[PDB]
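The lines below spell out each chain.
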Amino acid sequence: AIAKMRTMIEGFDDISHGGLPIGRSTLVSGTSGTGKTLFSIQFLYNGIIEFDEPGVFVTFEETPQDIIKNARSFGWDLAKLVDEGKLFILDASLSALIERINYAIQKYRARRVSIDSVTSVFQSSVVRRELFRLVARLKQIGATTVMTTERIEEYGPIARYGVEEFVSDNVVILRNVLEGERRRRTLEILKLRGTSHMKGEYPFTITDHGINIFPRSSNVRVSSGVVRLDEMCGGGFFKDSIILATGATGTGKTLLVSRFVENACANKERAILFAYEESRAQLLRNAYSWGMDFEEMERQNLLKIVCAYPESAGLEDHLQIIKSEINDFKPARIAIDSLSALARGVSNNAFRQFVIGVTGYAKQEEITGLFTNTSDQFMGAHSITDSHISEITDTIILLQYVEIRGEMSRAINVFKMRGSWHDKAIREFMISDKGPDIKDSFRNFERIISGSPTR
Amino acid sequence: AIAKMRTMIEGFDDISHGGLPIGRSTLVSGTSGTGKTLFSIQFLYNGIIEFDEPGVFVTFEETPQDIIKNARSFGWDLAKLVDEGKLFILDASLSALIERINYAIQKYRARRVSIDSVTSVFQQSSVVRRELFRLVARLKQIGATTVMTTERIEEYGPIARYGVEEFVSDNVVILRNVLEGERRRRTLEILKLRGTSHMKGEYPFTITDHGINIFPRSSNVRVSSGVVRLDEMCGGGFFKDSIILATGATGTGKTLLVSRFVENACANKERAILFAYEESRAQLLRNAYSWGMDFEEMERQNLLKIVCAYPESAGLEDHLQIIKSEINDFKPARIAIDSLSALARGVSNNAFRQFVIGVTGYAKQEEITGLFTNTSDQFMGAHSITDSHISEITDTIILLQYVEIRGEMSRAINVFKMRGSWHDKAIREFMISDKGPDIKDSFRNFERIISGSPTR
Amino acid sequence: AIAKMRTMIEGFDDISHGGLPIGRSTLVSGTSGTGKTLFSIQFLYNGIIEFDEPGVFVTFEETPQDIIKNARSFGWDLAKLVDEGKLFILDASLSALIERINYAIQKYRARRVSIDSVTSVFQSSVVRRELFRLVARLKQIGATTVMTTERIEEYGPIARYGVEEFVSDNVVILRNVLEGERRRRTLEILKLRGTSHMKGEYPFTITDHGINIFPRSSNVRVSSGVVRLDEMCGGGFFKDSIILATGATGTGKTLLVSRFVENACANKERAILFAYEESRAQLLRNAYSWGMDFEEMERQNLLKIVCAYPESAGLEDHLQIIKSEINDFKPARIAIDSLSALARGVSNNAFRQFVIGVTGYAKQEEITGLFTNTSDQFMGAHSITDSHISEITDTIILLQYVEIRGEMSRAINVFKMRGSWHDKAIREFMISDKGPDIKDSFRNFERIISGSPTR
Ligand SMILES: Nc1ncnc2c1ncn2[C@@H]1O[C@H](COP(=O)(O)OP(=O)(O)OP(=O)(O)O)[C@@H](O)[C@H]1O
Ligand SMILES: Nc1ncnc2c1ncn2[C@@H]1O[C@H](COP(=O)(O)OP(=O)(O)OP(=O)(O)O)[C@@H](O)[C@H]1O
Ligand SMILES: Nc1ncnc2c1ncn2[C@@H]1O[C@H](COP(=O)(O)OP(=O)(O)OP(=O)(O)O)[C@@H](O)[C@H]1O
Ligand SMILES: Nc1ncnc2c1ncn2[C@@H]1O[C@H](COP(=O)(O)OP(=O)(O)OP(=O)(O)O)[C@@H](O)[C@H]1O
Ligand SMILES: Nc1ncnc2c1ncn2[C@@H]1O[C@H](COP(=O)(O)OP(=O)(O)OP(=O)(O)O)[C@@H](O)[C@H]1O
Ligand SMILES: Nc1ncnc2c1ncn2[C@@H]1O[C@H](COP(=O)(O)OP(=O)(O)OP(=O)(O)O)[C@@H](O)[C@H]1O
Ligand SMILES: [Mg+2]
Ligand SMILES: [Mg+2]
Ligand SMILES: [Mg+2]
Ligand SMILES: [Mg+2]
Ligand SMILES: [Mg+2]
Ligand SMILES: [Mg+2]
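So the protein lines, in turn, are chains B, A and B'. A prime marks a further copy of an entry chain.
Residue numbering for the first sequence is 17 to 109, 123 to 152, 157 to 248, 257 to 496, as defined by PDB author numbering.
Residue numbering for the second sequence is 17 to 109, 123 to 153, 157 to 248, 257 to 496, as defined by PDB author numbering.
Residue numbering for the third sequence is 17 to 109, 123 to 152, 157 to 248, 257 to 496, as defined by PDB author numbering.
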């Protein structure tokens, strides 16, 4: 069994089942601006911070000073690490470098090594023979070195001369796929010789913290803000549960989200509202029109509002922003208004994967999550059957328009409630000031799931 | 930290989170006629017309005079800036250029540099890297923010010509001119920025007389839509800072509402703009007058402005830039787009969504009331409002549907929704006469009136 | 501001916002038989005919005589232009040609120059240096020269060595895209250094007139041929208006087109009928069966019939044929039977673009246009909602079958009428000799928009 060295890169320790094979070199190929350099530095930096192991960085293009300046954007003082003798930047911008690098290892007792764009150290029949020799010389030193190669295509040759993969024992591919004029940073482990790992691409983002690779069940009940909804839900929602508010435009998804967010602040509980449709300006006015002062809850430091457009950033970023905000603010409950706004111009695979990330994080932090969804057919019940994100929600609140005698009346019903009794009736509710009012159901009307009930 | 220098290019300053890394070489690769030269010029020009910094431009193909003449289309007098010593066009049409460029550094405290078509300086990969790496160093030591312009053959292939001008550069900017079904779409993206952060993915930009134009409250004041009943159904009227939507089948009366909405503005001595994409200026004046509203009168009062043209004519990138530019000058109190459906014909849903967001943002960020009309692609109408991905951004939805009543095609209107306001939740039947919309009562006897064919 | 020289090529003067940059060379790349030669000649010819400016043509492959023979197919006597000293064919089938061409310019005082397949003058590192030198020598002469390059792919390298685009100040691409075994001639302006222009491809055709690049509102009312329809329309159709007759096969679209065309000839007005379904033979018989002598109106020189198959020619050609016919005959009104026949096996983008061309030309000539369309679902009302060409028509006449007591009765209704009152009732009409008869509506029948009304 080959031992692995923790890279201390959030995620990579789980995808590589521990980390990188010890005493063996790892290839980190990718297109320009994928994060081949950031990874290589972050690996060494983390090593000379956690495990307190010496790390020698071999540069081939940019100067040893520019690397420290660029790395200063993540708050990593590389000069202090070089001043303490915990890092050695070998300015090399092939046996010469081998002995020069070999000496530097024992000269500083280095445990981790990182080569910067080994592609430039050959500016295919010769690359193999050279790369093979460098892979061997580092194997004899027993130093976990990380190799950086370049690629032209995102779905073509792994390396440049398409031979730097068979020469390496481990292969990590960094991708920046462009889909619908939106860049998506993906990291995958192509191979790991001697050990196991997770296969397929994995959504990652680069922030001020560096690379962010992103690979209970109590009977405690919380209030949704509506006494009738709490009665219909059989004593309100569960604490560590995901609720879903589906319905056609203008049904009252935001109203419910608002009331659900207010109820938290009422019990002095912190709450976050992620808006992707309306603006805080419009949100404050609309909310106030339902006898609810959102500015008040923002002044009590209980409610936090963060609105932004869905086509603005990527799903990978959107998720990172949610987690980050939740980590700082540490809310009791959160609300996403809405999921249907984040799925527009996105692949169903990347949306599903995104939705799994928020619900997983909300459920694994005992946070109540109210996710709103706009129906794409009038019959909202038929929109729930297609919705492949209804198999992840525990509670489903369905809002549907009902054509009643040449009038557009509304209707609410607890479509489902996991491990809890709920009212299985389509109750008619109106909207006014200081919020809504759930009345009775249309017992004398048939096919009320169509949006045009019959007498 | 890496300090960014403002380029004063509308959009790029926000997309690159400040601008271009200070004392670093930025690559700007792109196909022929993408706006590489224009960018490199606009960067320097803005540098000597804002932060008063002497910029040294380098040429490898076209003459220094042609560049001065070519930039005369945007209204930039390079000759005056050259004579003033606030610009140096070094004519170059290996280490020699470095020395001359290195000499031009302290020659006049040169802060901004710009090299054009560097590709031609190695058109007679292994050698291209060694040379490209050298320039990056000589300029890096000079401590001057230079802009490198490379050329590319494929719009979605190699970044540069030898696919090595990106790994040698600290920053990479890609200029695109993709052909979206016999329609060119200019896009700008920041591939990377060694040091700082930036916005990811391609960003719709347009070129005009101003140059490159990269295109990345909530009061309870109510305004009239032209109809008293419609104002009463909206619980007083439309919100000033709100986006209204008129959806319905062809010949429902979307343009009628748009006209009455634009009239009401001019009635209160308010300025209005009508963006027509279906009917002609002359056609709009005849139909309007047939309802009892003189449009020519409103054009003579300098209150209402009519600007109609075909949707297949220009692209969404341009169409939006026109609305913005025409709004900036005229400064309307309220505008109307008739219609959005006419602008979504032979257009990617992704590029259409981005358009509506860009237009609804501007109307909302300028306290302008916007009535956007949309022709429903189904008889149900309400079913079309469900597909409508633009109905989530809309605040008020005015639905217009037909109703087969006793072998007669009668019209019906209803306020589908009204954000942070009460509205009449009834399907009121209305008729059109020689004076405008006449809203009557709803159909209490009839059932399934959302279908388009009810029953008692 | 760079001044532009009018090429006098129908369309190019509007797409290039005036014409080609004066004193600068323009590239006209394209595949074999795109019209690179025709353009180059037509540019010079027009110059030594309108502006009366000398023009020197530099040939590199075919002889100076063959060019005159080929150009004789458009009725351009190049020998007469050479005999008058207004054209000089420099048989060149690189500094040698420069001086030879430079002399010829001042030797004839030429204002426009055209090089024939500059690609053959290099039969990539060398092409640039050569092309750059030729681009400069012509710039010093201050002569608006037009360069012709070749390409292998229609959506690949702009030129052959993919470097003749960055060397040129202006780039015009000629395309002959093959889509569904149908060739579509498209012209686009890739770039114009120093000035503005129209972007994207533009449908053009080659005829006997050469390249044909194809980039009011009175209350006057005309009769449709039916007194009931005129009453239902509120005093007949408008003069400068586009009417639409939609309905399922065998509803009476042709009957209406015929009657509408007859009414013109009745008031001694010229009319054109563009048939794409039935033949003039079948049209004359079917028409005569409705008490209408089409041969009579053809003998009075009032009605003109021109039938042909939709898959025969391209939309670009079909439009050119319509315009040409209208220009000669100068009709008062025209009818297209039908649009649904011209949209079969065509892209919706090219159909839309085609439909915009006919309606624009008909509306900009005070000509009444009756365009018929066959519905693709039984519910014709639902076929009008999909129809993205219903937002361009001012009047819509909908014909729908109605299942009435085990009988297939017909029904007509004025679906819409811009700036005019119309009868908003589904009137039942039968068909017989000397034409149709509109009766009353089915007031005791419900869901008559389905095609199966209920009692
Ligand atoms: N003061 C009010 N009195 C009565 N009804 C109101 C009032 N304010 C809003 N409404 C009703 O509630 C609706 C707004 O509810 P909300 O904004 O939550 O809808 P939604 O279904 O979330 O819409 P979206 O499609 O934007 O997500 C209005 O369209 C209207 O029907
Ligand atoms: N402070 C920061 N916050 C967020 N993202 C950042 C930050 N600094 C850099 N980035 C992102 O990371 C990228 C830097 O990655 P890196 O320098 O490792 O590139 P690379 O993959 O090695 O490419 P190349 O080898 O071609 O230079 C930037 O282009 C940017 O997208
Ligand atoms: N003078 C009039 N008297 C009565 N009804 C009229 C009059 N003028 C127009 N109409 C009616 O109004 C319709 C025109 O409305 P409008 O031009 O707003 O259409 P729309 O709903 O915008 O649809 P589209 O843009 O597809 O034509 C006519 O089709 C007719 O039904
Ligand atoms: N009299 C005519 N009427 C209509 N079309 C014509 C006529 N004469 C020529 N054409 C069309 O124009 C073409 C001639 O174009 P031209 O000779 O300019 O080709 P080209 O694009 O220069 O190609 P190449 O350089 O490969 O010869 C013919 O192939 C035909 O399609
Ligand atoms: N006044 C103007 N108005 C609008 N567009 C203009 C104007 N002037 C130039 N353009 C546009 O910019 C293009 C020229 O831009 P520029 O010269 O920067 O091209 P480029 O990307 O550097 O190409 P290349 O390097 O191949 O010459 C023209 O083809 C045109 O599309
Ligand atoms: N002499 C006649 N008497 C009665 N009905 C007739 C007579 N001639 C034709 N018809 C009716 O009219 C129809 C022909 O009308 P027309 O050719 O205009 O139909 P259309 O809807 O235009 O068909 P297409 O699908 O070919 O476009 C026949 O199918 C029949 O129902
Ligand atoms: Mg790097
Ligand atoms: Mg909402
Ligand atoms: Mg250029
Ligand atoms: Mg309209
Ligand atoms: Mg030819
Ligand atoms: Mg027919």
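Take these hints with a grain of salt, some might be off.
What the hints assert, rightly or not - Result set (DSSO-like, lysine-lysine): computed pairs, CA atoms no more than 27 Å apart in a straight line:
no. : chain 1 : residue 1 : chain 2 : residue 2
1   : B'      : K20       : B'      : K85
2   : B'      : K172      : B'      : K85
3   : A       : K96       : B'      : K20
4   : B       : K20       : B       : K102
5   : B'      : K345      : B'      : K364
6   : B'      : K465      : A       : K480
7   : B'      : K136      : B'      : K280
8   : A       : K136      : A       : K371
9   : A       : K364      : A       : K280
10  : A       : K20       : A       : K85
11  : A       : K102      : A       : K136
12  : B       : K371      : B       : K345
13  : B'      : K172      : B'      : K280
14  : B       : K85       : B       : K280
15  : A       : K85       : B'      : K172
16  : B       : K85       : A       : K172
17  : A       : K172      : A       : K102
18  : B       : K85       : A       : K20
19  : B       : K480      : A       : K465
20  : B'      : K465      : A       : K475
21  : B       : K96       : A       : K172
22  : A       : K136      : B       : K465
23  : A       : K345      : A       : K364
24  : B'      : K465      : A       : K465
25  : A       : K475      : B'      : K136
26  : B       : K475      : A       : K465
27  : A       : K280      : B       : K475
28  : A       : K96       : B'      : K364
29  : B'      : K280      : A       : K85
30  : A       : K20       : B       : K96
Hints listed in this document are in silico derivations from the structure and should not be mistaken for laboratory results.
Quick rundown of the hints versus the structure:
This hinted pair does not check out: B':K20 and B':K85 have alpha carbons roughly 30 Å apart, beyond 27 Å. The straight-line distance between the Cα atoms of B':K172 and B':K85 is roughly 31 Å, outside the 27 Å bound, and the hint therefore fails. For the hint pairing A:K96 with B':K20, the CA-to-CA distance comes to about 25 Å; that is within 27 Å, so the pair holds. Annotation: proposed proximity of B:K20 to B:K102 holds, straight-line Cα distance about 21 Å (limit 27 Å).
Restraint check for B':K345 and B':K364: satisfied, since their Cα atoms lie roughly 14 Å apart, inside the 27 Å limit. As the CA atoms of B':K465 and A:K480 are separated by approximately 17 Å, the hinted pair is consistent with the 27 Å bound. Restraint check for B':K136 and B':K280: not satisfied, since their Cα atoms lie roughly 57 Å apart, outside the 27 Å limit. For the given pair, A:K136 sits about 46 Å from A:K371 by alpha-carbon distance, which is inconsistent with the 27 Å threshold.
With a C-alpha separation of about 18 Å, the suggested pairing of A:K364 with A:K280 holds against the 27 Å cut-off. With a CA separation close to 30 Å, the supplied pair A:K20 and A:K85 exceeds the 27 Å bound. A C-alpha spacing of about 11 Å is found between A:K102 and A:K136, which places the hinted pair at or below 27 Å, so the restraint holds. Restraint check: the Cα-Cα separation between B:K371 and B:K345 comes to about 10 Å, which is no more than 27 Å; the hinted pair holds.
Distance hint between B':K172 and B':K280 is unfulfilled; the C-alpha atoms sit about 53 Å from each other, more than 27 Å. Distance check on the hinted pair: B:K85 and B:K280 sit about 46 Å apart at the alpha-carbon level, beyond 27 Å; violated. Simply put, A:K85 and B':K172 have alpha-carbon atoms about 14 Å apart, close enough for the 27 Å limit, and the pair holds. Restraint check for B:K85 and A:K172: the C-alpha separation of about 13 Å stays at or below 27 Å, so the hint holds.
For the hint linking A:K172 to A:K102, the alpha-carbon distance of about 22 Å falls within 27 Å, and the restraint holds. About 13 Å separates the Cα atoms of B:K85 and A:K20, which keeps this hinted pair within 27 Å; it holds. The suggested pairing of B:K480 with A:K465 holds, with an alpha-carbon distance near 16 Å, which does not exceed 27 Å. Between B':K465 and A:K475 the CA atoms are separated by roughly 18 Å; this keeps the pair inside 27 Å, and the hint holds.
Pair hint B:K96 plus A:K172 holds up; C-alpha atoms about 24 Å apart against a cutoff of 27 Å. At roughly 83 Å between alpha-carbon atoms, A:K136 and B:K465 are farther apart than 27 Å, so this suggested pair is violated. Taking the CA atoms of A:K345 and A:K364, the gap is near 14 Å; set against the 27 Å cutoff, the hint holds. Under the criterion of a C-alpha separation no larger than 27 Å, the hint pairing B':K465 with A:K465 is consistent with the structure, at around 26 Å.
For the proposed pair A:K475 and B':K136, the alpha carbon gap of about 72 Å is over 27 Å, so the pair is violated. The straight-line distance between the Cα atoms of B:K475 and A:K465 is roughly 19 Å, inside the 27 Å bound, and the hint therefore holds. Pair hint A:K280 plus B:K475 holds up; C-alpha atoms about 23 Å apart against a cutoff of 27 Å. Restraint check for A:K96 and B':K364: the C-alpha separation of about 51 Å exceeds 27 Å, so the hint is violated.
With a C-alpha separation of about 49 Å, the suggested pairing of B':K280 with A:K85 is violated against the 27 Å cut-off. For the given pair, A:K20 sits about 25 Å from B:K96 by alpha-carbon distance, which is consistent with the 27 Å threshold.
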